[PDB]
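The form deposited without its partner chain is given below as one chain in structure tokens.
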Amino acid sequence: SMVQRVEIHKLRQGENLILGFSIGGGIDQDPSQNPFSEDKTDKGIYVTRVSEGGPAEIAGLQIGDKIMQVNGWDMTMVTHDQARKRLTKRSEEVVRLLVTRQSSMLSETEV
């Protein structure tokens, strides 16, 4: 798996600002119910949906991505609602994420 930096600018949907994805997981949840994890004891926060055409998709977020950090806050052992809260601060227009993603990128040049 690889680490990836993702930056998402929220889109104003009337009065709300939204990122355009859904989360699952958290240390309060039963990790057996998470289909995206490789290890079914992983209680981490996973991207379970990405809204087509939305800010997260355009920013490069992918379904199954594990969210490790949001704006400098570590997300590996947070509750589901703690994750929600960190992602939905009305004050914050931009969310910067570190995610892990399970995986020829070699640039080759003729001379």
Second form
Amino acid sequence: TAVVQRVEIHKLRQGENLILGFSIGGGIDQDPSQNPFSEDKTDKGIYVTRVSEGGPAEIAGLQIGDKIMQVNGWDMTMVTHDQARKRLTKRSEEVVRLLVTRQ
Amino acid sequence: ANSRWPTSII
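Okay, that one was the form deposited without its partner chain. Can I see the form deposited with its partner chain bound too?
All chains and molecules follow, beginning with the one already shown.
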């Protein structure tokens, strides 16, 4: 089954950007049957597809395959891919808390 | 990578 995890990522400055050190796939505008990480291939949610060795997300405990449920209290289960990306990369936010589930 | 399933670096 899935276990709930709560991680707290402190973004890393890389030049002008604040970065999280991971990648995402999914979103309501994408084909969920293409998601290799989900248990249920109708799941249109946002999944962690890669984590950078030594980066903020790794340090915080994020793992490849995690499903992102919320970012700073903001629901991520019914958003487009771009909407998810934007929520994760707000320039004004250095700290982001992710609610995730992990198989 | 999968052209039918984009990923984004953040």
